[PDB]
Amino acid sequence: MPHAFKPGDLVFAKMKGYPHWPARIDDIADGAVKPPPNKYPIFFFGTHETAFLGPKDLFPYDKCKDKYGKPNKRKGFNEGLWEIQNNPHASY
């Protein structure tokens, strides 16, 4: 049975104009900007950018890596695939 999303969860996160992208639910640092209500801070691997997304755009990495985890020509995507597989919890 699934729980709510929590910091450290590994996902593919979907944004307009981009393929489903390897990402994680980030923590929020002390003193850092907080997300809007019902949004999560999503750290995109490879690009290392953060956007605030709701669960409608968040897919579990393990369940969906066969579908979404293939190399892609988009900038940073293949670096992102390496990060989510090999050091997804590192400091970036």
Second form
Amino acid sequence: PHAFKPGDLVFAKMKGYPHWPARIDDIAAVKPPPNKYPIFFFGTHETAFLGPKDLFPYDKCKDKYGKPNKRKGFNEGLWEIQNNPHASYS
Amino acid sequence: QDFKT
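What I would like now is the form deposited with its partner chain bound, since the data block earlier showed the form solved without its partner chain; can you produce it?
Okay, now the whole complex, with that chain kicking things off.
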């Protein structure tokens, strides 16, 4: 396995939220601190900076975290990561 | 960028 690179699909964990469908974004923009990545969250289309310890590869982990939730924006995010993970959501 | 709180 290799380091995360822009375009990689993941589940991303933030304090007080379930593991969320997301992608490593291109920094093309506020630049992350050392060894953290810019993360675009599907569904809510928000951004944050997370280190690998909160980043879970999509296809390994989707059986675990890819099940629908009742949380606002989550199911929308499953749709996005499954149907057009590399589109512009701007 | 719309930063998540």
